[PDB]
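Below you'll find only one chain, the form solved without Ceftriaxone, shown as structure tokens.
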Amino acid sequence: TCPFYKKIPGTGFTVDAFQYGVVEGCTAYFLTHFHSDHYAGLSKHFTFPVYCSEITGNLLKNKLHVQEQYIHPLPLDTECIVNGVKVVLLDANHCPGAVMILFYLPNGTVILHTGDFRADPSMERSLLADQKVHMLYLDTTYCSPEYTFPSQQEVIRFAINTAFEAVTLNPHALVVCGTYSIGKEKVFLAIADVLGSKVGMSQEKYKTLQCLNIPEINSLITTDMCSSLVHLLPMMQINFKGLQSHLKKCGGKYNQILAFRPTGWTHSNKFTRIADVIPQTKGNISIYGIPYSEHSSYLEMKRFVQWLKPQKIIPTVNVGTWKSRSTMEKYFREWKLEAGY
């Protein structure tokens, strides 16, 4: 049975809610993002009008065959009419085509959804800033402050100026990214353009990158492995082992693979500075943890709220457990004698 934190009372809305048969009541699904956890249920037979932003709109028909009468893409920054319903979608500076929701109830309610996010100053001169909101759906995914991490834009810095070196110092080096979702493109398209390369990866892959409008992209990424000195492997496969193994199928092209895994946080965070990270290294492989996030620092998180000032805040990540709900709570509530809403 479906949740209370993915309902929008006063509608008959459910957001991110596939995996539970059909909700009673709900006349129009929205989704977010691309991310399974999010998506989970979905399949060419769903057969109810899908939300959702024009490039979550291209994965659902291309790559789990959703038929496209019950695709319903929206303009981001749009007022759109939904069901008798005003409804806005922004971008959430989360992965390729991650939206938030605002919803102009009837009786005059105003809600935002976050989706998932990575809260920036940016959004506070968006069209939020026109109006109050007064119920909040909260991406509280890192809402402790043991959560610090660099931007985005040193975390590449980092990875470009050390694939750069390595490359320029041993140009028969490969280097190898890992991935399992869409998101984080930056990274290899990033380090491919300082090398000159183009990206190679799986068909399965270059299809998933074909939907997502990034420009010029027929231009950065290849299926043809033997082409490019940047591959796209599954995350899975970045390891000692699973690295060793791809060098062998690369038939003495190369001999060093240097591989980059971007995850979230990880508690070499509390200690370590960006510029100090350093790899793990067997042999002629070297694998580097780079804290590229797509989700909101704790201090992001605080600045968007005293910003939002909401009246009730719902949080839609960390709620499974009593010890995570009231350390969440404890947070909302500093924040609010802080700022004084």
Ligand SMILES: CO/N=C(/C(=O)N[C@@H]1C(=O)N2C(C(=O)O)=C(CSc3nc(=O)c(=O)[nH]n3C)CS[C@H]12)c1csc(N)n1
Contents of the next structure:
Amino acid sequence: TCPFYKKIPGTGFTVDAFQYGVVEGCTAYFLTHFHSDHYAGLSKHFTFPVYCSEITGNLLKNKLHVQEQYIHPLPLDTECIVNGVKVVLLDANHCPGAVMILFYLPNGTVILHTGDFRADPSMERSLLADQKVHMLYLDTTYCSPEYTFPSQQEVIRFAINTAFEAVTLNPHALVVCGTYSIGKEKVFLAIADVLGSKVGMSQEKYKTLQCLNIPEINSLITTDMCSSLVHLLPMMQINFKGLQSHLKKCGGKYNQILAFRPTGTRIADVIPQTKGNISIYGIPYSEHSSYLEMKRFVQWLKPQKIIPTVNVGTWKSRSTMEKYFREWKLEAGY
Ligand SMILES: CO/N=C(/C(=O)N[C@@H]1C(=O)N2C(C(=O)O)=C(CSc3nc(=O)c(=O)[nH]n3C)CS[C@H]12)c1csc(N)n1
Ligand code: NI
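Got the form solved without Ceftriaxone; any chance of the form solved in complex with Ceftriaxone too?
Complete assembly follows, chain above in first position.
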């Protein structure tokens, strides 16, 4: 059945609750972002209306083939009505099109649903600050102190640097990036930027990127591999065996590959794995809050209830996160 943590109490709304068939007493459904944990169940003939950002809707429309009529896009940083409830979508600083949602219930209660997000101080200078928020549905993906990774700013600076090095050194060398779902585009876009390349890819992915309407995207991407000296390949293809296969299958224009895996302490001290003329790099590009980013965020927010939405399936997990919420409540004095 649909769990209590996917339901907005007060309304008949749900958030990312498409894998449960029809939820009883659910007048509208909300999609925070286009990630498959969060959209599973959305067939092209899903018959209830869906509320989301523009971008998430494009991806629904084109990848999952749902009809304009059942797809209600909504602008960011704007007060909107939906089944007579005030709602606002805020940028989640997650993947393209991802949003947090504020529900302003008619009784007076105000609910933030982070969805997936990467807490940032800039969110404290937002619509959020214009009132107290009582309940918080919290992306707790990394709610544990060992989870510390650097700023996206650092990683990309590094990856830009590692890139401009290897190509200025060997101008017949190819940067490659790993990828599966949307997100982490700034990695591969920022390298292409600095080497004045376009970004080559398979068509599914090219299509996926055309949904996101990035400024001047046509001039930053392509499906003809040859012309692009930075290529995106599926994450599974990012191994020495796969990168040989790829370098044969270009017609011998590139003699050396610099790869990147974006999934997973100091950044300058990072060292690759080299086997041949193939350097692979594991880089920690998160689009989720670290322990401290989250902490700061919630401690600023000072919510009354907090409802975690992630690592929710076991009691060890549930009570460990509840301990950290107690610590934060106490430390900040709310
Ligand atoms: C092939 O599958 N890939 C993995 C794997 O988990 N790789 C990376 C890893 O640890 N990752 C993490 C994360 O760290 O949370 C994540 C992020 S969790 C997540 N984030 C979302 O934004 C979202 O919408 N849904 N989810 C679930 C999943 S893959 C990546 C794998 C399987 S076996 C193996 N060696 N790794
Ligand atoms: Ni996500």
